[PDB]
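The chain that follows stands alone, in the form deposited without this ligand, written as structure tokens.
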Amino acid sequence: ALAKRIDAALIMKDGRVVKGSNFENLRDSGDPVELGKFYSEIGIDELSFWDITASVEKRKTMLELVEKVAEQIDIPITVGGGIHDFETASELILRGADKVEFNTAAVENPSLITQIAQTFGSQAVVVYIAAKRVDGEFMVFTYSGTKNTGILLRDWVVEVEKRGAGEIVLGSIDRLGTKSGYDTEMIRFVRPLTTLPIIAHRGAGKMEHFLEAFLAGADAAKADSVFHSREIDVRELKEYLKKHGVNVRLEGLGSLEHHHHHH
């Protein structure tokens, strides 16, 4: 009965959606702005824009993206990917981002969470936690999933809440690139450790996986390629979840129906 959120994430490089999308109806299936706008119309609750620009153009690219997206998209927007300090995060928020996401920079300097939360409110702060099983423990990984920090998932979750984050995206490296389901064991492990919204990430391959993640205690489920490829249709997914008792947002959606000639 608790409200659940369906989020779409867009991976970006040099201003393009990486690997694009299969929405042939779009003018440019690799334009993040057009794809994001489209997702808002068909039923996505929130968008993440995750930047992996590796050139010296990364900061500028991210700022320009936020400006273009906040122009045209009315649903909540999170921006993330290598946001390394207060100044950079503050600018992105001022530029129109509703939320900024930290990972590596916050793990190394958790004060950054508090600094943004103090200025803009907890609700403006998302922490993405990338976690993997190592020798029977859930461990926190930084640097695009490559560095074993030695920090336990259970400790970092508590610290993230203490420092002032608004929500936690829980990304299972053990499900990276997989389509067998969300890491429900990880979600269940984290659920009693925090009162914050938990957003599941990695593993989604079919509609039933979303149901499973919600039964595990996730407040939201985020996916990317499974939507962009059209393996799962967002509206169909929401209708499926509603059918089986999950409180998703459906009434607020238009009727792409096109039935009857509304002028």
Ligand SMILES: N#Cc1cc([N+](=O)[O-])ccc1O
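Only residues modelled in both forms are compared. Rigid core here is just the name for the largest C-alpha set that superposes within 1.5 Å across the two forms. Positions refer to the first chain, counted from 1. What changes on going to the form deposited with this ligand bound:
- Core-superposed comparison between these two forms: among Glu57, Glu67, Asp28, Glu208, the single residue whose C-alpha moves by 2 Å or more is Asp28.
- Shifted segments between these two forms, defined as at least 3 consecutive common residues whose CA atoms all move 2 Å or more after rigid-core fitting, occur once only, at 19-29.
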Second form
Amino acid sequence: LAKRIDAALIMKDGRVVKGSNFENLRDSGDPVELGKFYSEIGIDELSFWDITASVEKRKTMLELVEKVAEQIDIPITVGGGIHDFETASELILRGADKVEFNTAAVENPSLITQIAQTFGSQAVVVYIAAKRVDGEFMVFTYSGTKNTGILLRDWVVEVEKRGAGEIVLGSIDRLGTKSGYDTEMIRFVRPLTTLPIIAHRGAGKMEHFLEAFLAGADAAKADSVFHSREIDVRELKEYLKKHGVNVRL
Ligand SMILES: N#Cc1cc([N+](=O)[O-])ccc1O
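Now show me the form deposited with this ligand bound; what you just gave was the form deposited without this ligand.
And the full complex, kicking off with our chain again.
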């Protein structure tokens, strides 16, 4: 019942990279400054997804989490090429509240459980990227590029069994669109898990958020719509209250 509004930030070499081509002379790509803006306009949680080159990535991500954790006080999730237990554990110890796995969880589902048993299920988020292929929802890894042959309906159940705290449900069919979350995919996954479901991909207007929530999402994640100011968050959370949704205000 209690719904959340989450912001996603793409990170490269320690700086925020915008997901569209809007600009502003003052808007620096400093994650701490952007994190403070989000914290201060009432975003519930932040996720960072790091696309940095192989070689500097692991210390770049540790540096990032240390700076943002000192300075902001909403939960932070970190992800993007977290391959193993040691990497994830180092990030949680340097300050991240949660780590997000996709490819490595698919390839080694025990990883979910190892993190959950050490730091608590709350610390493990599994991002499931899914697409319709020949009439069925399949799971994709390597940033939407490898069809794993695993059914979405099988992987959701297994993720919960392994001890994940939450699922982000990213519709590859909604990637590059701004006409709404994949409410059909949301409805399909909802009876298969008791976990919080975070909807991702497709957000364009305030109504979209309403509709995801009514399809059974517990949170909705977006990037551009908030960074560009195209949706004012206080206004989003007042609209949602008015339409029957329990949000923090
Ligand atoms: N969280 C997250 C996230 C994940 C992916 N991804 O698993 O490709 C891309 C962008 C994101 O903001």
